[PDB]
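> Chain residues, written in single-letter form:
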Amino acid sequence: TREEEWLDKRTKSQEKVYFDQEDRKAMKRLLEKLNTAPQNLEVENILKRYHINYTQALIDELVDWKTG
Amino acid sequence: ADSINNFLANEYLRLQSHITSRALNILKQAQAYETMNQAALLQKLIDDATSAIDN
Amino acid sequence: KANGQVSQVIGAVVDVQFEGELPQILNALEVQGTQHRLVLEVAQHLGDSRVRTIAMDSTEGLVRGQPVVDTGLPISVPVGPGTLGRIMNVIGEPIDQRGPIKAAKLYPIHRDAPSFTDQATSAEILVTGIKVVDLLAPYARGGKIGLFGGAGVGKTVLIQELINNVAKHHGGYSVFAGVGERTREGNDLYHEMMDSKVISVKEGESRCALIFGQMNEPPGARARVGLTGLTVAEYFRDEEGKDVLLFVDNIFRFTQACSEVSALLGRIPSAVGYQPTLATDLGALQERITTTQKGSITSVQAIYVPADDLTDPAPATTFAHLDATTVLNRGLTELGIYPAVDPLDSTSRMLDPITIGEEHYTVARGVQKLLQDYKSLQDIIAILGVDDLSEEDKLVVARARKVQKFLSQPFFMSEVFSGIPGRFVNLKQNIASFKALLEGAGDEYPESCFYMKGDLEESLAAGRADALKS
Amino acid sequence: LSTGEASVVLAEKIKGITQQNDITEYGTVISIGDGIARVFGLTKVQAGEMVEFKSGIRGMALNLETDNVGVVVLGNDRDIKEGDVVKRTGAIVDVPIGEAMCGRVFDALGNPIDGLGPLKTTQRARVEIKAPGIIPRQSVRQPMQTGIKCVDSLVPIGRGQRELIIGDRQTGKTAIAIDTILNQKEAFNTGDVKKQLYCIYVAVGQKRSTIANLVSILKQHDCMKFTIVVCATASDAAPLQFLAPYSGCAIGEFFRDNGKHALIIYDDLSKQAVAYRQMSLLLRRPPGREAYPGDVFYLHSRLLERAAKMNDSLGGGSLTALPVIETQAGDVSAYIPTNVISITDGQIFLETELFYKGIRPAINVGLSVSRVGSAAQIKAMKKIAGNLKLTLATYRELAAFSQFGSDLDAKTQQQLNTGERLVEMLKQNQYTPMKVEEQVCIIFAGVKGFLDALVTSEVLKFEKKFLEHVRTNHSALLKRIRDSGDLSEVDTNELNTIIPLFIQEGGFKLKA
Amino acid sequence: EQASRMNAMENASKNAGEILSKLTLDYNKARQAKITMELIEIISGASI
Ligand SMILES: Nc1ncnc2c1ncn2[C@@H]1O[C@H](COP(=O)(O)OP(=O)(O)OP(=O)(O)O)[C@@H](O)[C@H]1O
Ligand SMILES: Nc1ncnc2c1ncn2[C@@H]1O[C@H](COP(=O)(O)OP(=O)(O)O)[C@@H](O)[C@H]1O
Ligand SMILES: [Mg+2]
Ligand SMILES: [Mg+2]
Numbered sequence: 028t029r030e031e032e033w034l035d036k037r038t039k040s041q042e043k044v045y046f047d048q049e050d051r052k053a054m055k056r057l058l059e060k061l062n063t075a076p077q078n079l080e081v082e083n084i085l086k087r088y089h090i091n092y093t094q095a096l097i098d099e100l101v102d103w104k105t106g
Numbered sequence: 219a220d221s222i223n224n225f226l227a228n229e230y231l232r233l234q235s236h237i238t239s240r241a242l243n244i245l246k247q248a249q250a251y252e253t254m255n256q257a258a259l260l261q262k263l264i265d266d267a268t269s270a271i272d273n
Numbered sequence: 027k028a029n030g031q032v033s034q035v036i037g038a039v040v041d042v043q044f045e046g047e048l049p050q051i052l053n054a055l056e057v058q059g060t061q062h063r064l065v066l067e068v069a070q071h072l073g074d075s076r077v078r079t080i081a082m083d084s085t086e087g088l089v090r091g092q093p094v095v096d097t098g099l100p101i102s103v104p105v106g107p108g109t110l111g112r113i114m115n116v117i118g119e120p121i122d123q124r125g126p127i128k129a130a131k132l133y134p135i136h137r138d139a140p141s142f143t144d145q146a147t148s149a150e151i152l153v154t155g156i157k158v159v160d161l162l163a164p165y166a167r168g169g170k171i172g173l174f175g176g177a178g179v180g181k182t183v184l185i186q187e188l189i190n191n192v193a194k195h196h197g198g199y200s201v202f203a204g205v206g207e208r209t210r211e212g213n214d215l216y217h218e219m220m221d222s223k224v225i226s227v228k229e230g231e232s233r234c235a236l237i238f239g240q241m242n243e244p245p246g247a248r249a250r251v252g253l254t255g256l257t258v259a260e261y262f263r264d265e266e267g268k269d270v271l272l273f274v275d276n277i278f279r280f281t282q283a284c285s286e287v288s289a290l291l292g293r294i295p296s297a298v299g300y301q302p303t304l305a306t307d308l309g310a311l312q313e314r315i316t317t318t319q320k321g322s323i324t325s326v327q328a329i330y331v332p333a334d335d336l337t338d339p340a341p342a343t344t345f346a347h348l349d350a351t352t353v354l355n356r357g358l359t360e361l362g363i364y365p366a367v368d369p370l371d372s373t374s375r376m377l378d379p380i381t382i383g384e385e386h387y388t389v390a391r392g393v394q395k396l397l398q399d400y401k402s403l404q405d406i407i408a409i410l411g412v413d414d415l416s417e418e419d420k421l422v423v424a425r426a427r428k429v430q431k432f433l434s435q436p437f438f439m440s441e442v443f444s445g446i447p448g449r450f451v452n453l454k455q456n457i458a459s460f461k462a463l464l465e466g467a468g469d470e471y472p473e474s475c476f477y478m479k480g481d482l483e484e485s486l487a488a489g490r491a492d493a494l495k496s
Numbered sequence: 034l035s036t037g038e039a040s041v042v043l044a045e046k047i048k049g050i051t052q053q054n055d056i057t058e059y060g061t062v063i064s065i066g067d068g069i070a071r072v073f074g075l076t077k078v079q080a081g082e083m084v085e086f087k088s089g090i091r092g093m094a095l096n097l098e099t100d101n102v103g104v105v106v107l108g109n110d111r112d113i114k115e116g117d118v119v120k121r122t123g124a125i126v127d128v129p130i131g132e133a134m135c136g137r138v139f140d141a142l143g144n145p146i147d148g149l150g151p152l153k154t155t156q157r158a159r160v161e162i163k164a165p166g167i168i169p170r171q172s173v174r175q176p177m178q179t180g181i182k183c184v185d186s187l188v189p190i191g192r193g194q195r196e197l198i199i200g201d202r203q204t205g206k207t208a209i210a211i212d213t214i215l216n217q218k219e220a221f222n223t224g225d226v227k228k229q230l231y232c233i234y235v236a237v238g239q240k241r242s243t244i245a246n247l248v249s250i251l252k253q254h255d256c257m258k259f260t261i262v263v264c265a266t267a268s269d270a271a272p273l274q275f276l277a278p279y280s281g282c283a284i285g286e287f288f289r290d291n292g293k294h295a296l297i298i299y300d301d302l303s304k305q306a307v308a309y310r311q312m313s314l315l316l317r318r319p320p321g322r323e324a325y326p327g328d329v330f331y332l333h334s335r336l337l338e339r340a341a342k343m344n345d346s347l348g349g350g351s352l353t354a355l356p357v358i359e360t361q362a363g364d365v366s367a368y369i370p371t372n373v374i375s376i377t378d379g380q381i382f383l384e385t386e387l388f389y390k391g392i393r394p395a396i397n398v399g400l401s402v403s404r405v406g407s408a409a410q411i412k413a414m415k416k417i418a419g420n421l422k423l424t425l426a427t428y429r430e431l432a433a434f435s436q437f438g439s440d441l442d443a444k445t446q447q448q449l450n451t452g453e454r455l456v457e458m459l460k461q462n463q464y465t466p467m468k469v470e471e472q473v474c475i476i477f478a479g480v481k482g483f484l485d486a487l488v489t490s491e492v493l494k495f496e497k498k499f500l501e502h503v504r505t506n507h508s509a510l511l512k513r514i515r516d517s518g519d520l521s522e523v524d525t526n527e528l529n530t531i532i533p534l535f536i537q538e539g540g541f542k543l544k545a
Numbered sequence: 251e252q253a254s255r256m257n258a259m260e261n262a263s264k265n266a267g268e269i270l271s272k273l274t275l276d277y278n279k280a281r282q283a284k285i286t287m288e289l290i291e292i293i294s295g296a297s298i
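Which chain is which? The protein sequence lines are i1, B, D1, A1 and g1, in order.
Sequence positions in the first sequence follow the authors' numbering and run 28 to 63, 75 to 106.
Using the authors' numbering, you'd call the opening residue of the second sequence number 219 and step up by one each time.
Using the authors' numbering, you'd call the opening residue of the third sequence number 27 and step up by one each time.
Using the authors' numbering, you'd call the opening residue of the fourth sequence number 34 and step up by one each time.
Using the authors' numbering, you'd call the opening residue of the fifth sequence number 251 and step up by one each time.
Since the hints were derived computationally from the structure, they do not count as laboratory data.
Be careful, since some hints might not be right.
[What the hints assert, rightly or not] Here are the simulated DSS-like cross-link-like pairs (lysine-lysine), alpha carbons at most 25 angstroms apart as the crow flies: (1) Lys-258 (chain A1) / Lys-43 (chain i1); (2) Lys-258 (chain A1) / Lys-246 (chain B); (3) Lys-228 (chain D1) / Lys-131 (chain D1).
Take these sequences, add in the hints, and give me the full structure.
This is how it looks when you write it as structure tokens:
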């Protein structure tokens, strides 16, 4: 004879099921929201010392090469 | 051919373990009886002492 | 020269027959001829030069007529920095096997509480690193703190966390008095403080004192070993105006030990079998643990709730003496939330809009009202469910669970059990994190991320990480 | 050693026998009733000292009063009469200890009741001795395998802790103890002294017919060679039931102080409190709440606090205690159960509902807890034990929604089914202990979700067939899990691939 | 549906009230036994 436990389990059970589906929607909504200078100077100074022609495209690639 | 070779191979070890295990158990089992005979002999000595007291 | 002599020995109660100059009550008597030092505390004068005392050690081996020496003063224990970082016995003997204890002098364990005119009460927030505590039940430096918990609820581990967070980096000294608890926990704490460098063998270090009255000790010793630890804190308080951190283990064992012998002492049992002097006996200890003009003592004492029955006389009387209260609930542990601090039952004398900032007080009540409303909805939700509720009620239940789950904080002492490294939360980040949730900052993200997190930012980053993972 | 050499040493030993007698004070009994004897005179007598009556039965002087002395009869008090003689022995109560204790059945005092022969022992230790300090102890870091899946996985027991087997009558309290003794038998046969665990069974207030059946089971499985049974039946006087727990505890301290490991099992302590209450009430002492003495808490605390894990400096020995408590109607709020729970480390709650619903061992994992936690479990166990608890936690919640019904999400159906496999998996029959490595394999398959395929009623039989299949074909895998005690990645891949494969090979009910 | 639901709640609420009243009687009976048990303990201790 324990009715308090019955109500307690029913509370946690339905809440978990209800919020379990809400978690899916929350993950999808936040997931959909997530889906949508100094290094340039360092390389440029090096190219200056060798007095070689430098272009922003080359510097951008070298900068991207450093991060890669 | 590889399943037969591995079968006889592992089966050969199992037989080897069977013999050595048998040869070891028979030895330990005999030692157990040997200790029992020794205890029985000495137990008689204690039994003789107790009977002497009664007399 | 021994004046008294053993006349009656029953259990832990021992009577001494004196010829003349009876010793005052509470005096310490030394029995001669015992394999171990036995001390007897005078408690009652029965007349005819008879005195009834309680034995601190096992009475087995005693003999009627054994000479007893009168010291003329109550049980005196060594005080001073020599006790820092060393385990001591109820009678002052070192049980750590590190040698004798050096003390500049010996003070008695019995003294009158400080007067009211020189009380010098003060309120100062104590950042313990626990967000649930620093928000709902703030602690006051120099005021009593109570940890009400049942059998196996997490109060022992919580004390260890407070030590790891509060005891260390403390200019003043600290005292740890463990009475009535199991001895296994004592060995663990000693090794823990040693590894954590809280205590060390090198002199001039180990700014922390340890006192143990574990179960292995017989009755009477567990009821007075608590006074031994207090005397150490009193020395560091009066002689030096330094803030002392007194970490008292479960104190219910003190009042319980008194009842274990109250029957043999002649007292009539109370409604629940306790001694009639429970209020006075407990009051004498609480009144002594207080801040004064000389120094201040921030006492962290735990109260064991037997059978989870808060109506017991022992804890019920303790609430009146405590400044900050921390009632542990067993329901939270079933859900996995730790620390299982009851937000509604837990209260703090510092929880006043005038004492603390109005924003801190506002966020505190906002969480309490939110949880209180959610608890009422449990009834209707059990039959109809959250779906049948209105949008207003749905949001209340949604945020209430997220806030309730967010209260869970993993600490360093819980790593072995959970496996997640501890974390420290500041008061500013604590108030800001919950204040943002109350406004609905985290209502969008799932409630799963608001579990065992330190700050709100940590929960959001974890939520985004799970998104890219799938 | 030759027979002649041993006989000469035997004769020489009998020659060197000393016997000294000194003047021993004696007193007369003022009154005798209900086993309590009031003795006149007999001064200079120590508390708890042993005294002998005219018939020859012993006594313990507990109450030392200025007028008389209160003595308890350690046996049948029919022959005692007014004015009889009472001789003080001069030594506190003690019992024989040693290795010869294993394989016999003794009483509270330590006398063997098996009838085989006299006890050949020379070491006697005091029954009541101060427990170890704080330094001699050591952190518990060794697992005490009981052979039960739920226990070894959810409530791990480490050598040196104190676990409480609390439950109602006929709830499987003794079954748990028996399964543990049977499990340790294997480690005793193999030459692994680091895992041998001497078992001590203390019977307090139990019918002799039941104890007789208990001993036969041990001999049936050959597990009595390392078991010690202390018997304090109901007909036995209350002091015997009061000292039997401490008596058996002293026998355990022998192995503890000698760097060995011993397991002591205290039967229902409520029966001890009745005997201790009876012994105290008859002494005219003031009773406490529920008629029990005031220091009843100190009784069990002093007893259980001795069990500890000694440090390496003293030999590294350990003593594990498994006290039992019988509840009237599952009410743990009573006085005695509440105290024992606060003294022990962990407690195993037995539910009568779970028992009749087919959940045997009927263990309520929701309330059961252990201080040592995963610190005792092996590497291969901690990893799988962690996820097991979480999965079972969710299942207990969705139990109510099953009644609600009318819909079920895909995931909830899986979690609901998955949890059902674990509950059906943790079930175990009586007198059927399982090896630690075997449990890892079965428990592993459950958490991974492989058991969700076959029908629940077939999971129990799959356990037997699966383990047997592994023991024969995959023997090296079991050896690694045992020796190393860790579940390596190579074993994970191999185990993860054979578990689904085996289910498809054998003839089972695959429809979920 | 609403008609049958209303009747169901009426019968359910009726049974809920009857059971609640029955337990109230047992609660009072248990209260008296509690006072008797504790009272005898206090008298037993005061006797000696
Ligand atoms: N796990 C089990 N599986 C199958 N049968 C069981 C199991 N446990 C107990 N039984 C049966 O329950 C009866 C004995 O119960 P058990 O002795 O284990 O509980 P108990 O609490 O120790 O009883 P008591 O208090 O009288 O000593 C026997 O009929 C036994 O077959
Ligand atoms: N917040 C918590 N952190 C870590 N472990 C906990 C926590 N709460 C409970 N435990 C569990 O509680 C049990 C220990 O209880 P404990 O703290 O020792 O109570 P007590 O203070 O009375 O000794 C352990 O089994 C442990 O698994
Ligand atoms: Mg504790
Ligand atoms: Mg039983």
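> It remains to establish, for every hint, whether it holds in the given structure.
The hints, checked one at a time:
1. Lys-258 (chain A1) / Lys-43 (chain i1): violated (53 angstroms)
2. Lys-258 (chain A1) / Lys-246 (chain B): holds (17 angstroms)
3. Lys-228 (chain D1) / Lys-131 (chain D1): Distance of about 22 angstroms is within 25 angstroms: holds.
Consistency note: the structure conflicts with earlier hint 1 alone.
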